[PDB]
Amino acid sequence: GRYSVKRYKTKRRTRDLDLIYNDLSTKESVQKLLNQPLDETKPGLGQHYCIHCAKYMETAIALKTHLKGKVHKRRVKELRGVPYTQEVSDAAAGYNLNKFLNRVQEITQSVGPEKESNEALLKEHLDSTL
Amino acid sequence: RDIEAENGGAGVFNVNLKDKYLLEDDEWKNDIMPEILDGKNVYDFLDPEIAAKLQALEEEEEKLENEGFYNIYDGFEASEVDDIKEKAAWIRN
Amino acid sequence: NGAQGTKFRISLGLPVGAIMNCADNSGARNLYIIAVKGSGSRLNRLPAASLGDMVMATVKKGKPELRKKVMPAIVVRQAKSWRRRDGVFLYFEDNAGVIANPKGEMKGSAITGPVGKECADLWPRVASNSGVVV
Amino acid sequence: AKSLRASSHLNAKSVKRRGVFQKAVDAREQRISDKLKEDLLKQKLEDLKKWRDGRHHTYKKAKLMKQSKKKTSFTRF
Amino acid sequence: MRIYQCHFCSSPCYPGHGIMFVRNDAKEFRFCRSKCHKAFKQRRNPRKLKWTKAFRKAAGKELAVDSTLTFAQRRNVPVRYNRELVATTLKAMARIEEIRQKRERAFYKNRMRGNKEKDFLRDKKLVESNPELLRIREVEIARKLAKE
Amino acid sequence: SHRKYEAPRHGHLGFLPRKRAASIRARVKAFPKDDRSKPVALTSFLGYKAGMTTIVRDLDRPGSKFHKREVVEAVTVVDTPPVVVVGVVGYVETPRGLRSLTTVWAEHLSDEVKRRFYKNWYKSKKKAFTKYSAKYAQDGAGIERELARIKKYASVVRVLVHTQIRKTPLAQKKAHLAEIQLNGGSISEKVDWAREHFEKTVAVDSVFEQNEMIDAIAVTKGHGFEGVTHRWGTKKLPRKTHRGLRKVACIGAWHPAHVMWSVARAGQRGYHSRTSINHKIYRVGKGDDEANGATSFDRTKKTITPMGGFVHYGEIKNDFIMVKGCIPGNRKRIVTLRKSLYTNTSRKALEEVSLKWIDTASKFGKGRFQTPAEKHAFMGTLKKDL
RNA sequence: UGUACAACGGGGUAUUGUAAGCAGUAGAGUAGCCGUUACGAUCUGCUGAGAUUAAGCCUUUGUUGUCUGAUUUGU
RNA sequence: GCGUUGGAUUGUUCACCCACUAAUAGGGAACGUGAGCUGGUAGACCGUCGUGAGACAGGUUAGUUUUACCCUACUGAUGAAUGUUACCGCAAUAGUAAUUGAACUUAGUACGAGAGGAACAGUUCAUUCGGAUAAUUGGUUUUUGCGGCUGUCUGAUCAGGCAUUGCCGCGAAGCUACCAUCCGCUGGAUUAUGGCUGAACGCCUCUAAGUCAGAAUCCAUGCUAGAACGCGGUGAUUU
RNA sequence: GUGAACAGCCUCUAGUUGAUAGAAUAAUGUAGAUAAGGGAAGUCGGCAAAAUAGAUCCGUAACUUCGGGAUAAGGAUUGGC
Ligand SMILES: [Zn+2]
Ligand SMILES: [Zn+2]
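Taken in order, these protein sequences are the chains called I, b, V, z, u and B.
Using the deposited numbering, the letters of the first sequence map in sequence onto residues 2 to 131.
Using the deposited numbering, the letters of the second sequence map in sequence onto residues 400 to 470, 477 to 498.
Using the deposited numbering, the letters of the third sequence map in sequence onto residues 4 to 137.
Using the deposited numbering, the letters of the fourth sequence map in sequence onto residues 2 to 51, 80 to 106.
Using the deposited numbering, the letters of the fifth sequence map in sequence onto residues 1 to 148.
Using the deposited numbering, the letters of the sixth sequence map in sequence onto residues 2 to 387.
You may find that some hints are simply not true.
As the list claims (entries may be wrong) - Under the rule of at most 30 Å between Cα atoms (straight-line distance), these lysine-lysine pairs were calculated in the BS3-like manner: (1) I/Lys-12 - I/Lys-100; (2) u/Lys-38 - I/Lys-71; (3) B/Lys-66 - u/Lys-35; (4) B/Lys-115 - B/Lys-128; (5) V/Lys-72 - V/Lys-10; (6) b/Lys-419 - B/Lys-66; (7) B/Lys-66 - z/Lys-51.
Hints are computed from structural coordinates only; laboratory data are not their basis.
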């Protein structure tokens, strides 16, 4: 009906948590988006961009009130685990099992704590500047 | 070009994409590879070394068949258990 | 003409009066205007097309040197439900736009994001300027 | 364009018909007759597993006399 | 022809069935039906929905790792087309499916053992709970056998 | 005045009057021209429409852009059990038209065709062809005299056949009856063919084969009294116009004194008799041989009938014809397959169609599995099993 | 008065999304009792369970019952 | 024969502007008083005039006709009587539909100093139109099928009621979309025109008598209905 | 009872269950509702419909008769335990 039709249009489509995982993974990606040069078209003129909830706020205090909220915590509690790729979708059906398991142990060993440390640095950076 | 001119023109001549291919046996020129079986796809299961892995699979299955892989409560004999079961079913109904 | 191949039929998504995205760095952001080449003529019907279709357009957002200026170019993404004659229905995230001359040659030199399979097969220079097909 | 009922296109089609298409159309007839005869022979093999003088005369003379009394005949007055 | 797996349901997507979505990363998401497509649009989590296979394999339902499930590897390096090799693979697939189905049935038995003990204890508690209906049962059985 | 803007008509004036057809079974109005050089051959066949399905094909079409590429296509499936011959008709030429001067029937006939002749079968004494069977006595003087009449006169010969509805899952019990023309030569040989073929069957393989372009004649799916907008294709008036918006507003400014036959009014939509030509047969499948739905590429033993059977139809336990696309008529109807009336100068009627796969999934929903074995294997063992 | 017809039921197919009831220590903490007990959204298990499935789906070795009311027609 | 568009502009349009297109031809059946549907009297203000009431060279604004159930026409639907009933058919008459563009090849050939650059024959696909269809995709939901949500009520659980279909999600079947798919022909006579023989007129002449080709034209094949007072062949004919 | 509320929704007391009925579910209507992609290309004219909407917090321009404009605008949230 109207709610789903007029919220989840492909025009108003958002940014597919897989990619947010791949972005919060590494240092350079998070620093790039924290820097984010002045763009006249973006809502907050660039700055004040939440990466978990891929969203431009207007101001620092609007970032504060966003972070002190359940809409942020929804996404951070959704983004802790693995990102559910087609690898998972086909390993469930019995197809490219070893690729899925290599990806799983890779995240468990390498990429997981990488992203966790990046998130912690992000959090204390934001809490210190704000 | 001229084989086309002989058989039939540009838009009619059906070229065989085969007849150029390089094989162990030439008598099998006009064969076809199955793509799909019951649910599966042949290209996914098709390795050169499949019979050996199947031999290992059968070894494992025969080990398990010898093992215990494919195989009353005290106080009540069996008819006591059936009586309790039927009484409970009656009670629920 | 300019295109290599036949007039093939894929569903219509982009009527007249539709603002679609440009992601190359020729300078434009948007494409609007009227015209579709190879469009029919029927009372009360809108000119709307795709299939790597060539269309007239202006930059609504972009650099002023190419604003105020009508230009031809080709649809590469649609976001309507198109059917491939090999199986499934396809559709993109969005519409996409981008710029060229009447022979099919591009003002820009590289494309961002995916480009349609049939659009690239129909327009050579799009296939050369595209790094990502589908 | 050239219409469906254009003389030149129809002549070209007429020239094409006598050749590659009629051969394919005629082969199928022999094939299907060869199948039709075997579908008879198999039925036989299964079987071997075990005036017009009656009423037309009266009806027609009565029709003609009704026609000639009511004067409702096409040929006769 | 191929048989793809639904991004959501992990189900087969035969030719002429479903819808495909092409992200901006040049990544394909094909679905078995509009149910899964619309769940993707609404950004549901298939590892939380009980009717997928991902939930099952992650929860510890029908098993995930086994020797049977390694044969359907995708193959990006081809081979010379030996028809003997093709014929061997055709029999191998049928054999592998029998073996996998038997192991699956065994996994389900391992999961569902310990249920008859529980059911029997339920019935014991119930009958030892409620004797006042057992009197009605006794008298009615006696009445019926005296009636017949 | 001159309308200010030209636009084409709304509707076709050749498919008029748009009335209910006078019979559920559309009547064949033209058979191909006879060549007396060629063997004896039926011009047509009867069948029952049974749903639709989807196939994949490998296309060897030179010049096209799917040349040496795969293509998904829809197909229609007609249950075509063998057809039984029961009679002959001879049609003499006159300067009024064609006239039938004699019809000859067989010795024994089935309860099906007798039911066709009857209208209350459960009360009757079923006395239909008793005296004709008696006329089939010692030498059959009458039978031979009328057959010789047909050999002498009558010009062209048609054969009365009926179906074997008993074989279908349809709940009708009553067979259809149809004249089908014989297009070989030698009227004597036509009559001899029929005489030898009384009380005997003709399969569909003996009338058609793959890569053949046939015509379907049928009746199209009545919807009932319908309005202008959906019955001709007119525009709709914007909103809250006077006396409604799903109609033609008027004729214009100018003044006639009558309403014309050309101005798109309301009425019946459907149950019209239609003749749709040039549909390519893709498979002549047989009930005797299972794995009809299977293919050289598939090698997955299964019949064409999908899981749960077709919808508003049962299973295909009989010989069937698969054609591509969309024929007239709905499921559970009677269609006549004719062969093409003319040699077709298109390469489409030459290309040897090869299939790769057929869809035997459920049409009672969104089907994901081709076989119940596949469903069993994917779902795994349930609670009920063990 | 038959491989007859129907109402129920069985099987298949499809839609939904894991029933009622019972248990656990899994449960942000809070009180009481010398770590333990009571409350507790929720989670986990019996459970792709449970429900619906022709009313214009397919199929049926089952159970039960039904099958001569009225009118009219002649070359 | 078949088509002859989409839009901008009301400090206005008895029109013009830029695009697409094969093309964007003109007109009539109303305007030879007056006739579908839609824009363009009563109140009030400014301007010119008037002694004034008021009028106007003006301009602005707001401002209730409401068939058809009758006859005919048109569209679809029955039906008496022509021994009864049933089946298979014929076809007078009437209607008729297909259309346009591009692409491969012919060929970078003919042609041309160069620049440039065709076509017949053989093939492929699309535009407009029409007729069907529902395998798939999409839409639709009183399947009120499944689940959930708010508020309240049935003591709580269960199971439910009410909220003018309470709301949200999925939703088969059916219906439906160039928003999906399929299909859409071939014989005779002719116009203009080009010709053969050949007088008129001891030359000559396509014409006067004869005669060969030839257009998307005409008539038929094919498609639709089937004369309810058009017809045939055939089956049964009453305890 | 919910809730800011004599709003709207459900209920207790008291009262009523009155308005010609039955069978089907064609078109056209009357009263509503949903719709892919595009979003005013429609039309004299965005008529009508849609969208927004309560409460907490941040923040709020020109102009101003300094009293207002102003809920300007524009943004972050809302359950249960
Ligand atoms: Zn966030
Ligand atoms: Zn799925």
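**Request:** Could you tell me which of the numbered hints above are not met by this structure, giving the numbers in increasing order?
**Result:** Hints 1, 3, 7 are the ones this structure does not satisfy, whereas the remaining hints hold.
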